[PDB]
Amino acid sequence: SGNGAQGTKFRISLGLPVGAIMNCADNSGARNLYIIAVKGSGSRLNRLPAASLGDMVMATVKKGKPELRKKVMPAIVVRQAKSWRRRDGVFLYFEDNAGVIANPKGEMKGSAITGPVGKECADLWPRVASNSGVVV
Amino acid sequence: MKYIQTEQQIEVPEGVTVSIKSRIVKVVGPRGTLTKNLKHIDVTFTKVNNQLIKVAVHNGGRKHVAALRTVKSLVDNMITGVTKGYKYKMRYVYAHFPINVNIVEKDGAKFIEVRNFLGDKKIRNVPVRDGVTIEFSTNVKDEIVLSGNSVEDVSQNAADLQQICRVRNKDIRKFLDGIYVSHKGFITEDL
Amino acid sequence: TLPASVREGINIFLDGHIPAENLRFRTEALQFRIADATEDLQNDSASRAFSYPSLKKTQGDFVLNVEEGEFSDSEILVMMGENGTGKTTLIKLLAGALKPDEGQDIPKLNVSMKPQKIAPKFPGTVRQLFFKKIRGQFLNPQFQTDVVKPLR
RNA sequence: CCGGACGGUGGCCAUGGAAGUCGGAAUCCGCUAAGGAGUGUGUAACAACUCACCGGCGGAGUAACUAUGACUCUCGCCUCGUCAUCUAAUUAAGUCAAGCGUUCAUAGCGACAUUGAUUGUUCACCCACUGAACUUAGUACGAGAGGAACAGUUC
Numbered sequence: 002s003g004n005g006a007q008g009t010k011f012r013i014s015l016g017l018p019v020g021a022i023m024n025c026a027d028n029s030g031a032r033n034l035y036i037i038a039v040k041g042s043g044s045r046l047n048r049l050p051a052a053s054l055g056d057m058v059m060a061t062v063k064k065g066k067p068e069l070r071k072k073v074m075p076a077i078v079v080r081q082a083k084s085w086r087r088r089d090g091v092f093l094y095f096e097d098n099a100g101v102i103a104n105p106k107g108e109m110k111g112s113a114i115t116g117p118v119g120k121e122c123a124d125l126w127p128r129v130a131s132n133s134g135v136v137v
Numbered sequence: 001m002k003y004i005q006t007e008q009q010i011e012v013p014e015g016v017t018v019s020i021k022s023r024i025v026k027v028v029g030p031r032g033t034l035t036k037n038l039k040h041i042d043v044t045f046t047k048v049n050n051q052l053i054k055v056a057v058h059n060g061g062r063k064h065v066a067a068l069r070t071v072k073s074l075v076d077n078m079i080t081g082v083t084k085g086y087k088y089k090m091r092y093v094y095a096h097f098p099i100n101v102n103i104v105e106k107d108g109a110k111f112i113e114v115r116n117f118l119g120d121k122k123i124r125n126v127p128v129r130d131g132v133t134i135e136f137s138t139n140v141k142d143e144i145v146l147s148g149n150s151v152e153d154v155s156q157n158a159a160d161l162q163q164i165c166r167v168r169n170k171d172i173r174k175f176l177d178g179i180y181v182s183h184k185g186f187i188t189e190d191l
Numbered sequence: 305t306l307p308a309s310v311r312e313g314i315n316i317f318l319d320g321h322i323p324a325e326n327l328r329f330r331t332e333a334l335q336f337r338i339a340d341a342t343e344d345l346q347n348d349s350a351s352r353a354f355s356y357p358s359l360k361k362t363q364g365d366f367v368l369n370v371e372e373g374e375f376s377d378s379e380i381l382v383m384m385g386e387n388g389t390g391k392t393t394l395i396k397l398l399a400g401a402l403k404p405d406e407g408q409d410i411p412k413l414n415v416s417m418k419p420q421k422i423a424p425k426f427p428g429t430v431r432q433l434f435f436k437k438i439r440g441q442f443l444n445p446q447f448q449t450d451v452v453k454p455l456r
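Residue numbers (UniProt numbering), protein chains in the order written: chain A, 2 to 137; chain B, 1 to 191; chain C, 305 to 456.
Careful: at least some of the hints might be erroneous.
Under the rule of at most 27 angstroms between Cα atoms (straight-line distance), these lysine-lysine pairs were calculated in the BS3-like manner [claimed, not checked]: (1) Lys10/A <-> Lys121/B; (2) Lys71/A <-> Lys106/A; (3) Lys453/C <-> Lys437/C; (4) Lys110/B <-> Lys36/B; (5) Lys141/B <-> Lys436/C; (6) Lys174/B <-> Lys453/C.
Since the hints were derived computationally from the structure, they do not count as laboratory data.
Could you build all of it, start to finish, from the sequences and the hints given here?
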């Protein structure tokens, strides 16, 4: 979360600790995203920081265009897999872990998002809304 | 070095009688009446004549004697407040946000209610003390006026209001918003 | 710009930015208060403001009817509807410019009024006119932002 | 508490401009009760304040370039090395006050003197995060540059 995130976010189950790799779901040239940090996460001895739906992470691209590899950039988690629970009572989950590469302000690097996108992320990051097909 | 006696005069004027037992002062005049307790001090009051009353300290140090003038003054301002009375004026001060000031009442209350102070989302209230009345001066812009018989209650009621409008987290020399005391005087005019 | 769709063109307009051109055409984005955003106060002031009774104003060709309503302090009321409805007539009556055929509204209040159609009928220059009304309002920073600097 | 604080003249040289008030000495005169060739505040530069002082109150030489050294002559510690490469990432109290602080000793300082990788690693060095976000508000202040909070809301 943080910059450019207009909205607050209700807690959702943390799915992705540091080291996790999600699918890159944009058209940027990136094939996956390797999580090295979660923004706005706190501190407890021994705890991995771990992201969830609509969290902004800091990632590198393990697989993808060489102009994207070997460096750290912001991304946003768009699909989960660890099931979480909404305030309408529902426990839900996607089939994959996936997020999209983005700028500190929260602008997509790419122009499409392939696959669905959870609403809690859509609601959080307007330029993600824009590029989303099926939401939730 | 201990001064064998030092004394002071408290002059008494035509409309008032002041009566003292133990060290309890009752001053009564045209404007009503005021009483104050001087037990915490150790001075000796003595009447010379309906228009004169002395106060004296025997064998006192610096600090004791220092307290003797301040007894004179304290009882003076009781006497003047019961004749001329006291009136403090304050004015609102703001660069952008017009400070709106009312008088509300919850349960026999009387409070001075300050809205909008610097845009401030909170509604400020200062209770009106007893013995003190409040007029928003006609003919003058953003002037509040506190009056009554007791300088101490008027003065403090005033300072309660000014202090309820201190600014936080701003350069207080650029952000001069406030309600400041602007004139200290009397209720009866000519004097 | 190049031709666009109806929905699309409107959406881009409201952003205040156009990508190909890469210009932020409008300095600040337009937003409307949620009503969650507004300040929460107990409103009355002196217990409520003034109130008007039923009013009627009849020209002899048009008739206006008004239902008794109440106004409170520190509030804002919108008036909507089509022209020729007597939206203008109503405001005038409250201004005291017009006398009601029936009903009365004699308030103690001091009123400032701005007319709908503005045609000049004042001799004098623009600065002189505004200074007579009030100087000091001209000093405020708010007025610099909205009037003075934009138009010049 | 308050009134008065004056003429030679804006002394003289240094003077870019120094008219009392950065500076070099020199301290006179008239005035009248008393008013310094001038205590501090000085616009560049007078003013305009003020105050004193009257008063009211083993080692070296060598260069048609620096360096090196073909030539002549003589008896892996430092290290976490540097470049790459693999990583998002890689040991894989205080006093004195001369001074600064452009004007000013003490705002801020003060000489002299004196009372998650990598590693066993601690450490160290990076990579990230974050009390924060949201409106309050791109607001108040500011020529702009920029930039608040108290209230309310969610974590």
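How the hints compare with the structure:
no. : hint                  : result
1   : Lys10/A <-> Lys121/B  : holds (25 angstroms)
2   : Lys71/A <-> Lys106/A  : holds (22 angstroms)
3   : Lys453/C <-> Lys437/C : holds (20 angstroms)
4   : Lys110/B <-> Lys36/B  : holds (24 angstroms)
5   : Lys141/B <-> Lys436/C : holds (18 angstroms)
6   : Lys174/B <-> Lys453/C : holds (23 angstroms)
In the structure shown, no violation is registered for any of the earlier numbered hints.
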